[PDB]
Each structure stands twice: as structure tokens, then as C-alpha cells.
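The data below hold one chain only, encoded as C-alpha cells and taken in the form solved without the ligand.
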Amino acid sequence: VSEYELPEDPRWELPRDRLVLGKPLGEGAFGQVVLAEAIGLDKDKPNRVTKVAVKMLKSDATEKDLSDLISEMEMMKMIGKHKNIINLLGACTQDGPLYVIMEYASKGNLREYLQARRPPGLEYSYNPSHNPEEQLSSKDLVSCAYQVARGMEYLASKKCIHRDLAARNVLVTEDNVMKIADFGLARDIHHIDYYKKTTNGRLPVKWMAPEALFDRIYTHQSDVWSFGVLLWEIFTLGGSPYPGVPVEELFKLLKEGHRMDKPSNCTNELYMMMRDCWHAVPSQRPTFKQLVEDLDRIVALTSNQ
């Protein structure tokens, strides 16, 4: 790593020995995220400990992988802070491997968070968690969507196109705050494999707008399409999109104006929002600003009983 000039930034630099490294949080090619305790992250509270997520490259990482990680870090700096995104907290760039320090979401990703809170009724697939948690009220689910819309509205205003908005990329903090993750990732410069499964075997094509899918055109409006799919994931408490539809087929279906059916427990108004997000013509989908305003009103009218 000493072969490279790493961008040191005194506003963000944290001495390596101020991090007590803990358990893995995840792993995906290059590279890995570990839980850590950071001593004196806030310079004015030097004896405070903060739980953080520490992102680093794998042992097999390449010059491009390092460039990607740096790029994510610099992008997060430029995008700035928001309550509903995974924020940058600091970095270790001198005396060892690049560490990018980010906010820690202790309750994991939204898909697994919702699946562990599935009640036993007819209205959801079965709860797969060995440690089931308290069911969420109706208000809570809409509020979940509100917060994600809020985060995306902020990101869109900073001219950040996410390109893979999905429940798996929303994280939940100890206080049940929704935080959009992986918004700063570098765009792959090689073409896409529409059948590649992620490191948890998810098929990303099921969240892509048709123009992203067929033409690789990504905009804020294709992100709005993804948000529609995420809304569907929410009101299925973590369901898998287009159940039983294989990829090669998804191409054809979307073309014919095929859309997912309304989840069993979903209001007509929330289902219309989904359908609006899945308008065939990008210019005709709502914007994140409209979505934030609509969902704000809907949260107020929705019951937590």
C-alpha cells in the first residue's frame, strides 16, 4: 500500500490505534467491513467510545479496487451528511491499509429486518428468523418508506444516482433509523452480467428500470423505479420481487407492461405509488421530492393501532 499515494485529509484522518477492531459485518469480493469501537472519534469528546463500521480491501485487492474504495470515500465527502444515508465518519490512510470509517447500523439490512418481524397471518410469507421480533405497525412501514424517500431526495439533490436501490441496501440503526448504503460506489466500466447473483445471491436486474436493463441508462428516474420495487419489498415485509419469474423472461414481461401485483397487505394508494414509480416512460414517474411529500401525508393519516 506504500506503493501508492493515499489522499490524507486532516479533517477526516483517524489514528489507526484509536480503532478497536471487532467482528466481521460483511464480505464481498473486495473487500470487507468489520465492526469497531472508535476512541475519541469526536475530537471534543476524546474519552468517548463510538461503534462504527470499518471498510477495507481484501488481501487479494488490486489497484482498481483501491481506486474504487478511495472514490467511494471522496464521493461521500462531496455528497455530505444526511440522517437517512450511511455517513462517512473518518479514515485511516497513513501507516497501513486504507480504512474508510462509516456509520454502523446495528439492526442490519431492511430486508432481513422486515422478515424477522413477519407476523403469522395469511398476509405474509413465513417468518424465517430464529429470533423473531415485535411486528411493526402500519405507521412504521410507511414511515420506513418516508425515510428512504427522504434519503434518496437528499442524494438526488446532490446529483447522486444510486443505481442499485433495494431493501438489501437500506440499513437500520439501533434507533430504527433507515440509512441508504452503497450510494457512493464506483460504476463498473465493463458491461453487465444480468444473471450474476450478489454475495447473498440476489439478482440486481429485478430492481432495474427497463431503460437501465436494456440500454444501461441510469438516472434519478430509474432510481425512482427501484424505489417502487423497494416499496413492494416493504409491504411484503421483505418479499422477493417477481416470485417465480426467471431473468430471461423478466425482459419480455416488463416490455409488455407487466408489473408485480399488489401485496396482500397494501393500501390502493400505496399500490398506485408503486405503479407510478414503474411508469414505462421515465419522464412520467414521480420525483423523490413528490414521493417525500406524498409519503409524509400518508404517514400522518396512517394508523399505528
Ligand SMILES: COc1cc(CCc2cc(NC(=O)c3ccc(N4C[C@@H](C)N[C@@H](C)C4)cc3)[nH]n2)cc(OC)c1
Given for the second form:
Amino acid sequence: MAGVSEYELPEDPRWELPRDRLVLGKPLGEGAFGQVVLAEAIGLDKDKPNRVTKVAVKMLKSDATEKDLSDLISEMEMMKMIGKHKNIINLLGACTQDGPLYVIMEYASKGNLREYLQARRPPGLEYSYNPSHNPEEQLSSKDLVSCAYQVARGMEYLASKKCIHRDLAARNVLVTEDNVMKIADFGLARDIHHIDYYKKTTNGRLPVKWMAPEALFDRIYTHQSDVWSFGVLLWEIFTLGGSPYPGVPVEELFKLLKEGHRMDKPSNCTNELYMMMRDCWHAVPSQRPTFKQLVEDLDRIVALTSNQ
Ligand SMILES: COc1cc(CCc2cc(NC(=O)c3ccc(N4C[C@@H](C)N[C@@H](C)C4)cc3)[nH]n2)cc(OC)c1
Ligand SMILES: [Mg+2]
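Pass me the form solved in complex with the ligand as well; I've looked at the form solved without the ligand already.
Now the complete complex, all chains and molecules, led by this one.
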């Protein structure tokens, strides 16, 4: 709420970047946690100080409170501890001085995995209609499995760093210009207050369709609860950005999950891959597979899956 000049942002010479080295551009997306723009960083790598690098600059909004600021700092600080993996949105730098707080991150040009897939839906009948006015080339059967594999390695890494996402979804997986899957919003701080269940997001998405039952009833988040969400993500992949539990309302979702209701297999999906979803959707958290296993299985499947 107060001016940023009245606080003490953490300065870290390893990550700190002069504001005159950033060329801001068009917005990329808004949210309850703040604004993200496309930007150009000059001399990010200072082995190449005359290099420009396309980056994503995340920042607070006009209405941002002192809570929102602390969350953005904590998000930046934890990404440092977690470390670097190819398949996550990495920290590149930050502007903590001479102005508002900027957190510079890797830039994914092709948006999130949901809209990525929806814009590459073939006009057949096994999927719903392509909602994009700029449809791209459809993905092969191995591109989809490989897409799922990369999300697993990212989550496997986060798991090894004792990181729990608590909201793993296709909307939280970004895609670069080289079609690399990068997991996002893994560094967000968990709220101390009780969270609503009919609280749609900025994009109008219910986060309860990705929650594990234990995280839904007892609010218990573990690595296994993220494995549950990975099953839902897998479902989104092979439905090409489909929406989980179609026709099932929110208030009835709590009952049917308890009764053992699961989603049906998507049209174009192998039994093996659906079996993987079911293992993730196990009612017993300790019987769900680990990401280590999920990476082992998917890697084998990718080898067997065809491009043709
Ligand atoms: C609100 O803080 C963030 C920050 C991040 C990490 C920083 C980041 C953001 C991005 N990228 C985009 O935000 C982006 C890029 C292209 C988009 N599109 C527009 C679409 C219509 N056409 C598509 C062809 C491309 C749409 C969105 N990279 N790194 C992720 C995030 O997620 C949950 C939220
Ligand atoms: Mg969202």
C-alpha cells in the first residue's frame, strides 16, 4: 500500500539488473498476483553486454497491497533456492532499486498449455472445435506424450527440491518458441487464511477440479496431491485443453469424488495412458505413483509412441 521507497526490497548483486537495461513491451497477462509484460533485456549475460534477450517482467498492480508485495518477493526468493531446470519458469533477474519491483523470468512465447493445445485441435470429431482464429499445425501422437513427459520431469525436479505446487494445471504450464514445457506459478506463497472453493480465477477457472480429495476436504497438500493434479493435466493434454468434469457442478463434485467417480477416457487416448491417469486419481494418496515413476513410464512410452 505504501510507496516502494518506504520498504526494503532484498538486493542481490547476482540477480540485480539496472532498470535502463530493460525495454518494456506489450502486456502478456494479468492476475490477482500481478501484471506480466514482454520485455527486452540488454546485456543480461554480461559475457555479452551488447546482447538483447526477450524476457517476461512480472510486477505488482495499482491496487496491490503490502501482502501482494511480500508474495512477489517470496516468489522471487524461493525460485533462487529451488534452482534451475529446463522444464520450469526460471528466474533471470530482478529490479529492486530505482523504482517498482520487477521480477524477470524466462519468456514463453506460445502462452500456456491449454490455449496452446486448443489452437492446434484438428477439425475432426474426436475433439471439440478449435476456438482460435490463428490455428497452428496439429501435434503428433508422440508430441503429446513428449509434452506430458516434460511436465513430469519439471514436477519431478520440484518434488526433489521439496516444492509443492498446490495448483498444477494446464493453465500453469507455459510453452516456449521451441515447444518446451515450463511449469509456472510453483513459487507462490500459500495463503494463511482459509481458501474459497467457488472462487473462480482471473481467467474464470475453478481450482477445485485439480485438487486432490484430501486437499479438498482436509486441505492436505503433499507431493501426491500434485500427482493427482498431474492426472487431471494428462486428461487436459489428450483432450487438447478440455475442461475437467464436464457438466459436473462444483457442489456435486465433492460427493462424487468421495463416491469414487472418475473422468471417462478421452476419445483419442491409449489405455496405457488412461491407466496412468487412474493411478494418479487413486483414492489412497500413498498408492499414487511418484513423479520419478511417472517420468520412467512416460519416457518409455515416448520411445514407443509414433510421429506418424
Ligand atoms: C501473472 O504472472 C505470471 C507469470 C508467469 C511467468 C512469466 C511468463 C509469462 C509468460 N508468457 C505469457 O504470459 C504469455 C505469452 C504468450 C501468450 N499468448 C497470447 C495468445 C492469445 N496467443 C499465443 C500465441 C501467445 C500468452 C501469455 N512467459 N513467462 C506465468 C504466469 O502464468 C500463470 C503468470
Ligand atoms: Mg489461472
